[PDB]
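Chain A is already provided as a structure; the job is to place chain B with the ligands on it using the hints.
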Amino acid sequence: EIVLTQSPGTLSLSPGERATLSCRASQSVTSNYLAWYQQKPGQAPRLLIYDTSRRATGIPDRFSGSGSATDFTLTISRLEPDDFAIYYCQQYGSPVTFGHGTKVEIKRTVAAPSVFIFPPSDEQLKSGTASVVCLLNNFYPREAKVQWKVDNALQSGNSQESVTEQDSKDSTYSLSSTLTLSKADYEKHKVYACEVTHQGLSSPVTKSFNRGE
Amino acid sequence: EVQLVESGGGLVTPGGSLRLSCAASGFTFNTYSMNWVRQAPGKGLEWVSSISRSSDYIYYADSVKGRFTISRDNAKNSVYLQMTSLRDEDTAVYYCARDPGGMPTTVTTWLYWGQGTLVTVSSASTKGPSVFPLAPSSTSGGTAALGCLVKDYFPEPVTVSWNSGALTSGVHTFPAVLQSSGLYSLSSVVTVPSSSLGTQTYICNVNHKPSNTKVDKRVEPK
Ligand SMILES: O=P(O)(OC[C@@H](O)[C@@H](O)[C@@H](O)CO[C@@H]1O[C@H](CO)[C@@H](OP(=O)(O)OC[C@@H](O)[C@@H](O)[C@@H](O)CO[C@@H]2O[C@H](CO)[C@@H](OP(=O)(O)OC[C@@H](O)[C@@H](O)[C@@H](O)CO)[C@H]2O)[C@H]1O)O[C@H]1[C@@H](O)[C@H](O)O[C@@H]1CO
Ligand SMILES: [Zn+2]
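Residue numbers (this note's numbering), protein chains in the order written: chain A, 1 to 213; chain B, 1 to 222.
Extracted from the complex, chain A is given alone in its bound form:
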């Protein structure tokens, strides 16, 4: 078996800049049987290059492949925002093997999130569980800090975050953070706050509600 190491793990670039992706094999790949795929979330892989450098049918000219033996390259000369994806290399000279891919973020100007907080429904408190949701709509970069405070006590372990992919239009992210509680601990408290701290924020934003509103 051959191992394919891709570098870097992530690549964040502005539109127009040139991306350079690398794939290094643990051995030599016979006849330079190396391919490059593009995969966007929820979709199947789209073959870009194969045989090191032959562009697949219908692929823009900016996608070019280089390399030989153990060092192969994928170059993306111009960058459109529709290039936020993961890019895999694959050899077929040996079993066939894939790399783990190189994520490609599209860079843009700093954008602060608008924050919303959702108290649990009352259908759901009948269920016996309380879910408190905090939304962070369309911001950049992805790096953001969300924290729950219940009666002004910082919470730990009872939160799960979920993030959208980069928007195709404006290349932003939107984030969900769900704080899960029992019906009991939920009603033994009053003030539920969600505190967001982000790069495009002068200082942390806090959205909250009192259980009687």
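Hints listed in this document are in silico derivations from the structure and should not be mistaken for laboratory results.
The calculated label-pair distances, taken between Cβ atoms and stated as ranges, are:
| hint | chain 1 | residue 1 | chain 2 | residue 2 | range |
| --- | --- | --- | --- | --- | --- |
| 1 | A | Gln-27 | B | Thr-159 | 39 to 45 Å |
| 2 | B | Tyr-57 | A | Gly-128 | 53 to 59 Å |
| 3 | A | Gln-27 | B | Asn-163 | 54 to 60 Å |
| 4 | A | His-100 | B | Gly-198 | 45 to 51 Å |
Ideal Cβ placement from N, Cα and C applies to all residues, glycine included.
Just chain B with the ligands now, kept in the frame of chain A:
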């Protein structure tokens, strides 16, 4: 229109068996090696099995040898994968794939892919979701938010839409999250101008085919 369509995925208990099918169109099927490739959730791609145009040469990855069997029928433009003795590692989206044409050997690279079918290996039971509403508040820059909380369901996936496809702008639907329950959950939210809370109704349509669940929750101000 070159097309590959997989079928036969779903939830199966560990040790169980499942048969995958992939129908193909738009090319001379009997002159092509057909290939199966899988992708576990969150991970990369892993080639599973391939078969030459006349079944003379059959190839398996060591991860599935002795357990998976591949076969085709050039009279139905179809390739098959009999999976047996299924493990948790076999939980993946299984792709049926075709090489770019004129390739020198059976296993190469793959220009055409199917939509993929998802095989969940788990003894957990299929469970429909619980759809709770995220009622709109009462405003950042004149913007309001609202959505549906899709709580506790297994296995993947669920689809969510708003006003059965009509509302698309401002929607941000999130990847599912694995609770310690072992069940999945997700939210789907919409950002709207505050005033249009009176001039439009917002109905979220949740769909869980793994349990034939169809939910239409109407979201109103609380
Ligand atoms: O019917 P033929 O013409 O050939 C029979 C084959 O057994 C033969 O190729 C064999 O010797 C070598 O295969 C190789 O060795 C393994 C023997 O089993 C094969 O493995 P596999 O069986 O696993 O084959 C792997 C790979 O070669 C194929 O999947 C495929 O990509 C090829 O392209 C196809 O074949 C055309 C010839 O190379 C190509 O035409 P091509 O125009 O290049 O296709 C482009 C493509 O875009 C479009 O065709 C498609 O969109 C619509 O069709 C493709 O159609 C091959 O690797 O019969 C031939 C042949 O036996 C000999 O020439 O005399 C016979 C006269 O009729
Ligand atoms: Zn690997």
